[PDB]
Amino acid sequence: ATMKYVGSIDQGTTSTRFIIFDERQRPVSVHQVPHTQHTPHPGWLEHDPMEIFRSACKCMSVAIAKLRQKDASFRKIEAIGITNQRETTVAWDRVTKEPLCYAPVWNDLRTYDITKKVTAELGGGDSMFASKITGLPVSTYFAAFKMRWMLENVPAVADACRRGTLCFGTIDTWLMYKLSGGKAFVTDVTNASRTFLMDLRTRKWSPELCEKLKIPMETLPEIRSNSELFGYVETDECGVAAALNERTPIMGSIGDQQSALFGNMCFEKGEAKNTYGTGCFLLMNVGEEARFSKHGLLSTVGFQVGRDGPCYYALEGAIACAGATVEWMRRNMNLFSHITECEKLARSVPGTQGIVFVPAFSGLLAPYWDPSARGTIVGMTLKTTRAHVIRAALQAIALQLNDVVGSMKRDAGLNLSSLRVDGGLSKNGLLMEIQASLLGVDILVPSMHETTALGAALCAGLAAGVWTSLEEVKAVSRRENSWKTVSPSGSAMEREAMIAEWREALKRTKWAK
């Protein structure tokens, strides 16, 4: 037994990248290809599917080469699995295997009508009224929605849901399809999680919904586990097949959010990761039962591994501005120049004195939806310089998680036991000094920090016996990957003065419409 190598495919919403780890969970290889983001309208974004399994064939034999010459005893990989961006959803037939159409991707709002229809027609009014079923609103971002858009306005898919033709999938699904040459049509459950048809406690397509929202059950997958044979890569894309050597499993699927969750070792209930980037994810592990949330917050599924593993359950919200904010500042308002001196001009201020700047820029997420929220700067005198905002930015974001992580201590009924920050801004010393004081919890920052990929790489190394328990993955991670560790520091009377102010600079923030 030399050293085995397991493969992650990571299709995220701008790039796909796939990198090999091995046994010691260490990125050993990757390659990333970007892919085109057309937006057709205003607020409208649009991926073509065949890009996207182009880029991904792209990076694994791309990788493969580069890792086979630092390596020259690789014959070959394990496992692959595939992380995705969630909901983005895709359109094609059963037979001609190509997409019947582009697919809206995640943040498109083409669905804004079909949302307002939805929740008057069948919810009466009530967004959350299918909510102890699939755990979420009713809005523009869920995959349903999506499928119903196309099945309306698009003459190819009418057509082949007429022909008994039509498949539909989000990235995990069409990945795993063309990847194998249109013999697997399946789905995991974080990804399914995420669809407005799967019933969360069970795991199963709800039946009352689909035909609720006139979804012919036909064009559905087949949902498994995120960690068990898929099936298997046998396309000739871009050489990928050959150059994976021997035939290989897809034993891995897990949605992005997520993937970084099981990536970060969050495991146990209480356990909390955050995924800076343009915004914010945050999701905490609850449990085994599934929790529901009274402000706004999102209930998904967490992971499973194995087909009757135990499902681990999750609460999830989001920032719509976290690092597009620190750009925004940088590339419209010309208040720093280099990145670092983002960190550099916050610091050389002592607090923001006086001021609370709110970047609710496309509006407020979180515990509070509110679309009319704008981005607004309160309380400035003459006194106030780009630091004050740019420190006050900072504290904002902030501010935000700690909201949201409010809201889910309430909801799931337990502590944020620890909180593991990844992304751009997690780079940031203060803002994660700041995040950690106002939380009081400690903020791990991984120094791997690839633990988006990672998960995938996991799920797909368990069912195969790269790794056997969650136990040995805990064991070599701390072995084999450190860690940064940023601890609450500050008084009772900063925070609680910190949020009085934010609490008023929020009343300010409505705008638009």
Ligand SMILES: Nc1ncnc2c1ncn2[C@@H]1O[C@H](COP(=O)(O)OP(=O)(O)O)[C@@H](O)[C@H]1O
The other form holds:
Number of protein chains: 2
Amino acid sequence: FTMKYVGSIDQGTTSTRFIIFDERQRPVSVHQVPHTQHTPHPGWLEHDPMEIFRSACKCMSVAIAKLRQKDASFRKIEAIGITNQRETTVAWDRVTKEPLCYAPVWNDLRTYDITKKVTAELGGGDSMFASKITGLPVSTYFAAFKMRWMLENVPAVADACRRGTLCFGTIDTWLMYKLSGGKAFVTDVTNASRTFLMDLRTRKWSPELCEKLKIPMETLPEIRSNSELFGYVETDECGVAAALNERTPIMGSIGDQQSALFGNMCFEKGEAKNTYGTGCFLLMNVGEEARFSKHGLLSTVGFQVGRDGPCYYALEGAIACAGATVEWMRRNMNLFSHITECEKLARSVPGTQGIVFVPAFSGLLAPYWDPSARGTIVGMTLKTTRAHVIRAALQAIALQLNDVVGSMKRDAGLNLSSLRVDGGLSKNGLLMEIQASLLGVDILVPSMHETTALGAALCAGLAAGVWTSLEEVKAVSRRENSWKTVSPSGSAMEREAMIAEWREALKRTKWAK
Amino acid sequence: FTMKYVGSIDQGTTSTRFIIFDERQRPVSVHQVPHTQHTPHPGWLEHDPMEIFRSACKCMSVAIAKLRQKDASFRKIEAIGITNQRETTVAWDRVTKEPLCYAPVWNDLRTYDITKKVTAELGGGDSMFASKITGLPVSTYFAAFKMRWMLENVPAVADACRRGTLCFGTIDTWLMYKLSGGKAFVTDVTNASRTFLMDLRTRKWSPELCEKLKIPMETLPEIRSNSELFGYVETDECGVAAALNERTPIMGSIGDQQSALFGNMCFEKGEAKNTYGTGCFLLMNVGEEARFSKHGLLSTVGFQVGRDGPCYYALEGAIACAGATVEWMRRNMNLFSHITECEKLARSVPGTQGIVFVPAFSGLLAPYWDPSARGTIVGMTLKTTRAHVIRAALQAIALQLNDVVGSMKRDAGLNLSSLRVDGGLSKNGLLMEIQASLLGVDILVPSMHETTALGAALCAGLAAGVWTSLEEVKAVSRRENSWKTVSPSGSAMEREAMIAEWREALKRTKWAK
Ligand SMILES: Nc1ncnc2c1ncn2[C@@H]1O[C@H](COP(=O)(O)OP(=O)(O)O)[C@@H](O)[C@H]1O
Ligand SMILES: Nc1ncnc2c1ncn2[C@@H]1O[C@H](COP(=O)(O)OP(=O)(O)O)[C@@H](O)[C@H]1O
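The form deposited without this ligand done, now the form deposited with this ligand bound:
Let's see the whole complex now, leading with the same chain.
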């Protein structure tokens, strides 16, 4: 009997990937293609939508070709899931099927002025005014503000609106449009919760905000769950349709951070995950009911398996410099050269012995939202070494997540039961130990590291009946994909010293303007 | 007649040199011999005074013997000058002519408890209570608290005192006693100003202070100028009378920092010198009347040519971590490897792009005495690099000296005229330019950088008629020895911003206890 496979498009900030999974939840074929990171003005970032689409189809046709060399009795993929960098917004025309301009990216800062024009003229000052509707504060990140900026500052967008041709879309929507030939204009609830145009509880567009923010709802896609029929792959860009060999349904769509939650099996309330990439995104599943935030955290959709399946919600927090800190220490400061020296140097000392290092190189986020904070070290003596500084960096990442989790527990009214961790810094043993001690929960480290791409494939597979239930999903995961477990081992008194010391350091970090 | 030669004994903390200078102020023969650093308990440091005496003597014989080989016009040394690590205190017996113990060194900390007692019981809790007599605060450095400690803790010393055979003396006193056979029990004004027993205004021992501190005046040597006949070399230790050949008078004695003030030609009020060593010692000639400091700067005697000749007073400030910071950056943090790269990396960026590095590794000194301050860096971004950090360390050193100078100008009622520089860290071209720019004066860098030894040689040679006036000395320097002049090359707008950022940074440095 023949292996069924499920494809996952992982459309990230810096690259695109197609991972083909089998029924074991094993990546059996992968391919990656990068796209250009345009930076026209300092603080701006922008992607070519056609470069992304092409990257995605190039990825698919290559991975398929490789899989069929290792399984010549293959023939088709059961379904395809999409997961994506969120918030990043693309505008296109619906007759040409072509982008009107380059897509500003989640962390672009051009929408700043509009951030403020909005908060004042609509919010009556309160940045969290619309938050009980959307889940989100007003920031540069969210899609609506980028939709707005384009409408205001892009000739071809301004026009295309008046002509009744304008389509807006997060990357999922863009992928699904172009992948289906123009046939589907859709989004999923996770991506939709990032627009600042969607009512969290109801998971439908808010006409208040659309007409309030100057956004014609004719320019907005239909919302669905993460797990159902969205469309079929109709295009043929890089022989993609021919390589699929049968008409293939797109049955999965889910934002990248939620995809990692789902992919690490964080299905029940209290279960949470952290992705240590360049930064950190921590997400906690908080149950079937939406929770909102006294400490400036985000409230968002975790996932919804099926049209009127239950919708799980989550809280979300972030640190801006995690992996970037470690890389900064080698590339900027020459504190080590090979990647494994970081943990090696940090273990070589017993502690930080007085120093604290707050790696707030582009501000504190999270529950102490402070853009004036900069990178800071205190307590050095002539005994301090690069080893102490590196250890101190790792403690500091952990200490930020500690404060984030503290916040989520009070805003959610639950305990964190366990913490799943993925990303480059997932592989730093000492960091996961310090992390476990501070939170006082186990940190599970998946050795099938591809968990973001897995999330989308699970949504796709659940909808195509490759997996029948979440328990079948969890069970296959346990048979097939191992994990290291990192238990806490601190002591109430040490933790308190570390946090007290940390709390004093934070007061000395304010610096810019 | 023939070529004249003056010799200089430079008795430092870690070694002793003998430099022979010719009439052009050229060092023509040099030898160096170390002496043992005994540390009985942490924070304690002690020198073997007989080892010091022998080193000086070996230094002399070797330097002279080398010079006879390399210079057929060298007949004898016209006179010898002495310069010394100040404060270090020797106790010895006037009949055995030997020490009663090792000599606690200037940076020795065993006098800490005696220091707290003196403040509380003699000064009502004011450390500055005697500072209008001595120009000094109560501190572990000064000679009187070391005497006091030897009586209270050394049975032999207390014994010798009981028997009327006790001689206390700073290193100048000890060297002139031993070099003369035991016939001279003298000290120059500059070293005496470092005892906490001398009255700045009279340049005599202060009966009140000796009585209040219970150092019998009988134990102290006679106070003389820096330049006059102290006596004659008579010992034949290490063949030194053999090497000198003829009768050689000792005609110069002056404390090391002051010697550098003198050797740098700072003969007028408003002329200052800075030594850029492990730390920095900055002195300014304040003119013929003492100036007391409303900023914790120390008031001291600059110099005095001739028994009851005009006496030039000085203000003194220190920084603890100068070249030590350069060294920490290399040895502890791996920011560069060869010392040339320090200046190269700092040159490679136009400024510090807003970071400040306060290297208060061992507290803050200068006019912000704060032993709780620790090493700190603020303001970093992911654009910051080691080049920025190295350059900030250099800026930090110049900013401290800018604050010290500023304090001096307010205490003295005068402008800084120019700054002569020496020490290893004055080979750093960029540190010199930053310093000209911040201070708005020319920085003169002697090519003949042996300024400390030259002070003593000048005192001696003036007294011997090798040079007949301060103006002849200045001319000879100019005609014979290269001075490099470093003019300001900054803007007053940058200066201002650098200073404002320095001030903000200093507020963030408090950490210890
Ligand atoms: N236990 C299994 N049952 C069925 N097919 C398998 C099994 N293990 C591997 N495969 C198949 O072999 C091909 C390559 O898979 P891969 O995991 O790279 O194999 P390996 O485990 O030898 O590295 C895929 O088609 C995959 O589905
Ligand atoms: N050529 C050079 N360039 C830059 N820095 C130097 C150079 N040579 C020595 N240094 C640094 O300057 C300091 C020189 O100190 P030094 O003058 O030797 O000690 P002291 O404090 O006893 O005068 C050292 O700490 C060293 O790091």
